[PDB]
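For reference, the chain that follows is the form solved without the ligand, supplied as structure tokens.
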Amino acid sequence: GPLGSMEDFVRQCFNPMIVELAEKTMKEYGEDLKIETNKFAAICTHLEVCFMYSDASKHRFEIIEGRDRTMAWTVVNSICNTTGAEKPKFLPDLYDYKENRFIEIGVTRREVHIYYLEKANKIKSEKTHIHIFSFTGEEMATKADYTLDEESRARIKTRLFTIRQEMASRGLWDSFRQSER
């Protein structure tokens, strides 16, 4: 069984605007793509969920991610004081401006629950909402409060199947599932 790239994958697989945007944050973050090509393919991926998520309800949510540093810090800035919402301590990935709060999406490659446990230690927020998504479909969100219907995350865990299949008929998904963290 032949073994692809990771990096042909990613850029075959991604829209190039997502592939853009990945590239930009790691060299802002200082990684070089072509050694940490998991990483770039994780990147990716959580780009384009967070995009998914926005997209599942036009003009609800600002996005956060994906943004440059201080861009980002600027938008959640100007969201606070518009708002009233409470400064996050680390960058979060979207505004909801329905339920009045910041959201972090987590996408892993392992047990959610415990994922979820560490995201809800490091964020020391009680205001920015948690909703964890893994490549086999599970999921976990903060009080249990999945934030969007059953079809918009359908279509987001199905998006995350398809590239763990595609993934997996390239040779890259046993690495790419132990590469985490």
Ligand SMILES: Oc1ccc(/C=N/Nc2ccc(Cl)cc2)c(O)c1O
Second form
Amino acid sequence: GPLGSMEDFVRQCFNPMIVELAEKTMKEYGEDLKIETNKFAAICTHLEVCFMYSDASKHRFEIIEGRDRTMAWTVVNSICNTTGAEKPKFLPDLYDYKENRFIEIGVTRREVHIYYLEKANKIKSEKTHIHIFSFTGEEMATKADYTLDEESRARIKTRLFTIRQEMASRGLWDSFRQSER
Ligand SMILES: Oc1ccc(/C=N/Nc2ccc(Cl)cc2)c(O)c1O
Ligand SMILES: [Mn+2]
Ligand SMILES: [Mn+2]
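Mind giving me the form solved in complex with the ligand, seeing as the form solved without the ligand was just shown?
What follows is the entire complex, opening with the chain shown before.
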């Protein structure tokens, strides 16, 4: 019936720190969240997934996403110097200290395999590990290595389902889904 505001939804659905980091992200790119509200939600979603992924194993992962850009490269370059890891061409989302690799996390409602192939074709690296989550609960990962166990990943998928559900109940899902890409 009633169609809600996506900005209202974001500020209610996501933790204050995620929202703030997403605001900083958009401002850093010169974007108005009051107009590009679906993107604001997507940024929040992706940041939450990255944080959940890291939290699945505390201190196993360094978080790169959410930091300001200069600081993100500072962190990446430090990790590369310390661990000997090869420097990525584009900023990744995490660094896995156990498997010794950077990780790019994708969140999509497009077809998960195509999305994976596009990510992989962009970053080009033979080292950076890619992990894609769909709002459908589908996932795809480099070399069928999913990194975390089923329960951790289920928690992330459950979060995505809950977001899609709350959006839909406020009439926001169709627009949000369409806005991707
Ligand atoms: O420049 C942009 C303008 C709008 C968007 C919107 N993305 N929306 C979005 C992205 C991913 C999912 Cl799963 C659902 C929705 C976006 O991702 C952009 O990069
Ligand atoms: Mn990123
Ligand atoms: Mn990502």
